[PDB]
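One chain is shown next in structure tokens, namely the form deposited without its partner chain.
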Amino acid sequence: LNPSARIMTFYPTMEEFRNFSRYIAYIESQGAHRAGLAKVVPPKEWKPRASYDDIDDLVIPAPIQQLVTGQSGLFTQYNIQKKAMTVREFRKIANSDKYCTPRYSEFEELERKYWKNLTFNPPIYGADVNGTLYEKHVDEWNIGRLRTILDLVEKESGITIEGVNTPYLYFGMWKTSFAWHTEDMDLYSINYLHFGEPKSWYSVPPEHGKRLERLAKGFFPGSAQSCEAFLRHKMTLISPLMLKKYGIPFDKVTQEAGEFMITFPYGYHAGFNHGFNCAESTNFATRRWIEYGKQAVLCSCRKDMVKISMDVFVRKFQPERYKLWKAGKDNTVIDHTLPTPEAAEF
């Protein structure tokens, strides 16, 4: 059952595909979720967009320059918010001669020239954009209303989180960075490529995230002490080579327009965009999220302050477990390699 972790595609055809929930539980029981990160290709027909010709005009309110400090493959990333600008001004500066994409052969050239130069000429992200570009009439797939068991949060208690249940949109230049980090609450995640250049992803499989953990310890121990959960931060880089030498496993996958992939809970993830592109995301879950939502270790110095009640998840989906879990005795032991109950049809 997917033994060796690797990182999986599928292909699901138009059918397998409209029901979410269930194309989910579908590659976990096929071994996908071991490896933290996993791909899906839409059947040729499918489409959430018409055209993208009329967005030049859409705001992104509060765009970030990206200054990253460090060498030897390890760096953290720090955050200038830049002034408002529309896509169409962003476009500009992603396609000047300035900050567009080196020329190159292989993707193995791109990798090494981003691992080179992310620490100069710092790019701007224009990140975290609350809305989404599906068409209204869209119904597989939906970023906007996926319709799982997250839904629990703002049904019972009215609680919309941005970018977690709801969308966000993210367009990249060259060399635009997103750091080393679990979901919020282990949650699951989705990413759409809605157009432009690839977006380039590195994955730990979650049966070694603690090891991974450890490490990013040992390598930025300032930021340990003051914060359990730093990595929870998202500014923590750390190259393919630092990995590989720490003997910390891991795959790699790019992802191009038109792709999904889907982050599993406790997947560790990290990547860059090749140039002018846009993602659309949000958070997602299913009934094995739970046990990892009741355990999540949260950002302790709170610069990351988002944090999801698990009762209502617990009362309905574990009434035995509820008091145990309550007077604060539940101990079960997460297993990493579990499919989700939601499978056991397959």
Given for the second form:
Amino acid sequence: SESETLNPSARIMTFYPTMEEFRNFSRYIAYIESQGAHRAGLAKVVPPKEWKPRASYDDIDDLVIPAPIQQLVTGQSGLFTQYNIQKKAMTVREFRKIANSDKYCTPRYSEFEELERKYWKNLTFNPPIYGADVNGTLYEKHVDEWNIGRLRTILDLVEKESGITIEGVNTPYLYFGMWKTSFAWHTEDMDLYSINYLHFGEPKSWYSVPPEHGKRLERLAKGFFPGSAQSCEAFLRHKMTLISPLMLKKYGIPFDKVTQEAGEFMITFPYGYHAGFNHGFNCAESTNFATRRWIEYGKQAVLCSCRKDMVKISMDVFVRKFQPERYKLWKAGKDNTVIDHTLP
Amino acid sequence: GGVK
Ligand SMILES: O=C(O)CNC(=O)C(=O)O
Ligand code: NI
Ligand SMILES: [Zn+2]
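Form deposited with its partner chain bound structure, per the form deposited without its partner chain context:
Once more the chain from above appears, this time first in line as the rest of the complex follows.
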């Protein structure tokens, strides 16, 4: 098949759109999927040089991070659980001082390979503080291209039909990072896409497992954490589980890595597991989005069964609107559709 | 609903 020949190694692809290609968001997403980008689980988009979401980041020192989290990591030899201790609210100025202080700052290093080794060697020591999950945008109001606060995808059908706002999902989140702050192995809520823009600062490094080997990572994770597997049908959604790339290689799980630098977008695709860490003080904005291709993923997403506050989106509106033939069959519980991860 |  044509889709199977495109990005056959399911390697992370990087795109450099011109201003003209960049303008239409959902069309650019269709385009990168036409090149097989979605096979990686992650893609990088470098916006055109003369594109800017904000004039200056010099006025945000007084921005409140209301729920900073200290990240206590426990484990050894490639397998870790991250526990999140919430600290009292702090401003960006308070945060950046701590981020750059001799205590928390990025170690000296030659190339990324050495910084990555320092990450995996030291991540259970000196628990860092992540300014994660902050409600807001750093985009200026007038910015029409790739505006994370208004992408205009069909995910907008959720609020449109129901009025329901899900923070970070159909609203933007800001993430102020410092050295060694991390994000655990997860796919998106409801196996949605995510967009992630690094406004400023040091890089954010990412790992990704192709959606086509996603179940292979889950099988590994369940074997490594059998107690968690029995408690919850989707324990990785707790976003507590860290697994080093050496551990993935040891068990034959395909994965790729990429480093996002200030000014670049990352796109994660439905069912693409990703994890990563920040190099130093930075700020990222992020939200979820959807395309028609996400819809079967949404329908088949396995959700966390042990927390009451987890994200669940009714699929009803999407199946009625975009799969009217299958609606009654899906309702009778007899829709046997198999997802083909390569297909755009 | 929920929260991310
Ligand atoms: O930046 C972070 O801490 C994590 N971001 C994501 O997982 C994402 O955009 O999907
Ligand atoms: Ni994510
Ligand atoms: Zn759970």
